[PDB]
Amino acid sequence: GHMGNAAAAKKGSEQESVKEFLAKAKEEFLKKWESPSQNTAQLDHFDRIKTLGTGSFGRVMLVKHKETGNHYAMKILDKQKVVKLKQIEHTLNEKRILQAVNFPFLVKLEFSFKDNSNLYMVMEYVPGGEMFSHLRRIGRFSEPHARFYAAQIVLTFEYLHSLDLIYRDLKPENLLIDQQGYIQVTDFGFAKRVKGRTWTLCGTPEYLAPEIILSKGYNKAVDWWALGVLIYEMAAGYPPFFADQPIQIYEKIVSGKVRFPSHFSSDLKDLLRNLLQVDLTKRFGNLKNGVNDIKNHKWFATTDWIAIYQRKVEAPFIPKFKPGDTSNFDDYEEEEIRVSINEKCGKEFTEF
Amino acid sequence: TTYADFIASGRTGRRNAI
Ligand SMILES: N#Cc1cc(-c2cccc([C@@H]3CNCCO3)c2)ccc1N
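Those sequence lines, one after another, are chains A and B. According to the entry's author numbering, the residues represented by the first sequence are -2 to 319, 321 to 350, in order. According to the entry's author numbering, the residues represented by the second sequence are 5 to 22, in order.
Since the hints were made in silico from the structure, they are not lab data. Just so you know, not all the hints are guaranteed correct.
[Said to hold, decoys possible] Across the chosen pairs, the derived CB separations fall in these ranges: (1) A:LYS29 - B:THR16: 34 to 42 Å; (2) A:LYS309 - B:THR16: 31 to 39 Å; (3) B:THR16 - A:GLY1: 30 to 38 Å; (4) B:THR16 - A:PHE314: 30 to 38 Å; (5) A:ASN99 - B:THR16: 16 to 24 Å; (6) B:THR16 - A:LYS23: 17 to 25 Å; (7) A:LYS285 - B:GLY17: 35 to 43 Å; (8) A:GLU248 - B:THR16: 40 to 48 Å; (9) A:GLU17 - B:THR16: 43 to 51 Å; (10) B:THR16 - A:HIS260: 36 to 44 Å; (11) B:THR16 - A:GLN307: 18 to 26 Å; (12) A:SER139 - B:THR16: 17 to 25 Å; (13) B:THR16 - A:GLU331: 38 to 46 Å; (14) A:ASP267 - B:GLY17: 28 to 36 Å.
Backbone N, C-alpha and C define an ideal beta-carbon position, used for all residues, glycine too.
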């Protein structure tokens, strides 16, 4: 066989220890999921510094806590705009997930609160900015560098899926790099508690699994497809399926054909063919052996999963350290934060 | 080349969700 007695016993023990960790982590998650934290700071505790990102319903700003001097990233959502754009459930769900999860590669919600006009989520500030910018600048990551990031996503999805959470938003734009070179996942606006199947068309074209495109009910295996897309794009510098228009992207995704750069190792191509598998009965992460088919793949043979979790592996890349430096985020026009004398949409946001 | 095709796609910047 592939393993002698010592190696097989070690692997079996490791896999049983994962089950034990996940059972405890579920218990902790469910307590916070059923009794969420609310109203843990207020706006005048913070000085606003600068905008790190903007969207249709709000913005993320660097702020400084006046007493500690600590910097945070504050997501500000205009209650009236959230209602108008039909994002009440997504907004409440994102905050409920963030306050309940706990994992070293998931961003931490330090405070949350609301006022007459806005909802506020105060999260850790992650000064390395988005993986996206680093990837486009460097061009592509070497296989060991891509693997270091991929291993963190594998463990994060193993954790989230144990909680029956599907993520549905994986892409370099949604992965931040911290000062130690490790990944932080921040956006939970498309995540959903799903024990079985779900049906919403959501995600980003390049990262959509075929079953989403084909308007099927789908499950957590869409996240493993997305992992394949991410690994490919990290190692190649471009994603496996692209075109001028989304419809042409979708034709490629559903086709069952993927092509690889000549510098990809055979081990990498084998992993990617098993992740980017259209046939759900064959896709890694969706078989009887679950996440272990991925973690035990030859491409990950050098990965010490516990050392990654414990953050004891030396990262391949440390973003330039300039603690409130914003250099790894884009520049945006600074608009004011207005708070009305009258409470807006109170009933809709009671749970926030 | 594939890289040139990627540039030609116009989808090298940050991608929006559907
Ligand atoms: N630090 C930090 C931090 C930054 C963001 C953030 C920064 C830029 C853009 C975005 C959003 C959502 N993903 C990409 C699309 O626009 C989020 C979110 C949480 C954070 N804790």
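(request) Could you tell me whether the CB distance from B:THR16 to A:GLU331 stays inside 38 to 46 Å? (result) At 24 Å between Cβs, range violated.
(request) Mind checking the hinted window 18 to 26 Å against the Cβ distance between B:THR16 and A:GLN307? (result) violated (36 Å)
(request) Given the range 35 to 43 Å, decide if the beta-carbon distance of A:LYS285 to B:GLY17 lies inside it. (result) Roughly 41 Å apart at Cβ, these two residues keep to the hinted range, so it holds.
(message) Assuming the hint says 17 to 25 Å, is it satisfied by the Cβ distance from A:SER139 to B:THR16 or not?
(response) holds (21 Å)
(request) Look at the Cβ atoms of A:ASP267 and B:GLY17 and judge whether their distance stays inside 28 to 36 Å. (result) holds (31 Å)
(message) Holds or violated: the 30 to 38 Å window for the beta-carbon distance between B:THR16 and A:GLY1?
(response) Given about 48 Å between the Cβ atoms, the range is violated.
(request) Take a look at whether the Cβ-Cβ distance between B:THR16 and A:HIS260 falls inside 36 to 44 Å. (result) violated (20 Å)
(request) State, for the Cβ atoms of A:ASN99 and B:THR16, whether the hinted interval 16 to 24 Å holds or is violated. (result) Distance hint for A:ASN99, B:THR16 is violated at roughly 36 Å.
(message) Given the hint of 34 to 42 Å, is the C-beta distance from A:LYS29 to B:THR16 inside that range or not?
(response) holds (40 Å)
(message) The hint says 30 to 38 Å between B:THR16 and A:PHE314; measuring C-beta to C-beta, is that right?
(response) Violated - the Cβ-Cβ distance for B:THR16 and A:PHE314, about 21 Å, lies outside 30 to 38 Å.
(request) For the range 40 to 48 Å, tell me whether the beta carbons of A:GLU248 and B:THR16 fit it or not. (result) Given a distance of about 20 Å, which is not inside 40 to 48 Å, the answer is violated.
(request) Given the range 31 to 39 Å, decide if the beta-carbon distance of A:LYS309 to B:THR16 lies inside it. (result) Holds: the Cβ-Cβ distance is about 35 Å, inside 31 to 39 Å.
Checked against the numbered hints listed earlier, the structure breaks hints 3, 4, 5, 6, 8, 10, 11 and 13; every other hint is satisfied.
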